[PDB]
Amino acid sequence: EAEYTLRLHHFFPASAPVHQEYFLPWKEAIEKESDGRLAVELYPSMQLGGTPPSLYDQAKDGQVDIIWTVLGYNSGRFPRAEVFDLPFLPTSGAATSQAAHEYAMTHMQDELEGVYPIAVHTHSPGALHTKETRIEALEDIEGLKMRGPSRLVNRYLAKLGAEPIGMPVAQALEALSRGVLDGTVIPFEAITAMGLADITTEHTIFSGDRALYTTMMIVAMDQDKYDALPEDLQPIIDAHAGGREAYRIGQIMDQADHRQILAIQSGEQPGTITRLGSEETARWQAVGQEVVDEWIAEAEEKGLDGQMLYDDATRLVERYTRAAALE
């Protein structure tokens, strides 16, 4: 007998790994452990309307109860979150997600006012995907129309010599199939989610212990709806919220990346994965150093301690990466 119904709204199809492997089990756990007093209704593919960038305010303003979105979809809104967009900062989705949740609980209390964070996380390693151009070197990206999540990933694409076109990943299949874009950055599991394997058939990955980029994402509940739940239902949410949920989402993405990458490397799925060796990779890292330098200067101008935020994000990534490897 449902006492409260929580509407969860996001930008991806129901068939996406995070919907199948996280949102469906989350709904099952919340419905079972509340004895039916909490119903969870899942609305994928922007089914309740508006645009992916509107999602954060859809939860905050109580248009819906829970959202899943990219913080970078609102330029300038989450300045401290932006540090997790910087080039070659992240490792796995799981360890980087755990780093982001800890960072947000330490540094982003004002930035996230008005949502109850079920999970502050990242996506798994970002990679390059094109329709025609095989990227074997930095020069190959010159003038390609490419898309990233956020102003700081788009800045890096422009500094690499691409022509970035800002849009949510939910619109990338439209843009690539209609000739608006040549390619997109995203993790491989996002290729699976958006049905892009037979469209972007050219993929480029990097050498070494860091991924090209990631972006901070959030499963956000309206603080007003959480506060409205009875004192015996708030704790059921709490049992399914926090750093463990961030870790789990990343780990789901890492596993879905492995499935997609293995399928292309084996020829089960058409496509080519090009790997750039250490000397070529170093050239992309050198351009990435200019984005980090510029970001720390801009942070200082905005009254943020840029270096301390970057020292904390990088240390938490290395801490949880080391922890994972030790297990």
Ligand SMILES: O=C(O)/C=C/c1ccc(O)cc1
Second form
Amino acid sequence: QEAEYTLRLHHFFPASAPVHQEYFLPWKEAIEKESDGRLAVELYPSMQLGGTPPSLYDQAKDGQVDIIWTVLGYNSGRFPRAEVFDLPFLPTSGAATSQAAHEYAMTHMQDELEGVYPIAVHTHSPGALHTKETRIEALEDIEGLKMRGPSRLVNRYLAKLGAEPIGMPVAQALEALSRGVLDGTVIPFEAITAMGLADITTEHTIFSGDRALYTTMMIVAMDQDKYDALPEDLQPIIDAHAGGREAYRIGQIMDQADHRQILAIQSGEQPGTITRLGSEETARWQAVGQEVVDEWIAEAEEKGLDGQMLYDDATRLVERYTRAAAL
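To complete the pair, please output the form deposited without the ligand; the form deposited with the ligand bound was given just before.
Just this one chain is shown here; partners and other molecules are left out.
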């Protein structure tokens, strides 16, 4: 059939992005086929419909476009309950942490996400430590390093570890590293390569055990008004391709992409070194992490949020979905 509704999906990443190739393309297919063509989905990567990434959330909410994919934290401070997912050593895999974020958001973020229909609230694959020169084999080795963290809480963690955290827009990264304003940065492996950093930051440190350094919360968000305008027999087609199992899948795609990057470095296909810290060393980093958690909880309480309850629920959910997947 001819399209009754055309859903324009807008995001910042290139069409070659794993999520675009492996999630949005099949999402588009399923929506179109299951609606018998009544729903068309048009994909616009690389900000091809205009603006910059901090404007995406409002582009969907305001109905300029129908669906967006974005980082909540691009509007820093806008989603204060979501920030719990930025804490050090909270996440496990992108897949399981994603499923946990979705459920957390459905429980706690109904007002924070008012006006969007959440196709998937998820996280990216957990990040790692990337430096030009310093092989980080112990906590002591990060002391004094100029490191760009990708969130407030990761920068706070960096400062507790004794690094000097430096805030700047993401586009300034490659160049601040090359200019020597920065020693390194904290981001996933897929982001290192896509940013043109794979030959600049050739030392990479990851950790032992069933928790990883950090992630942040992302969303595939539809204008609630557009969802509400769809007929009763088409809304369920969207519902069938929305929710926590979609979030899991997005996270898993991002996990697979980061794993391929690690394999490439380990094989020699890409240059550099991957250092994994042992268990006991990793515990020292987690102990510092716990200080950031405790500070976040206190600050949240001071502002009227039940921070302890939220942290406890985020961590409960991460454990739930990690265990379910391991089985």
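Positions refer to the first chain, counted from 1. Throughout, rigid core stands for the largest set of C-alpha atoms superposing within 1.5 Å between the two forms.
Trainee: Quick one: with the rigid core lined up, which of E102, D222, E245, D182 moves its CA 2 Å or more between these two forms?
Mentor: So the only displaced C-alpha belongs to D182.
Trainee: Determine, after fitting the two forms on their core, whether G161 shows a C-alpha shift of 2 Å or more between these two forms.
Mentor: Superposed on the core, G161 moves its C-alpha 2 Å or more between these two forms.
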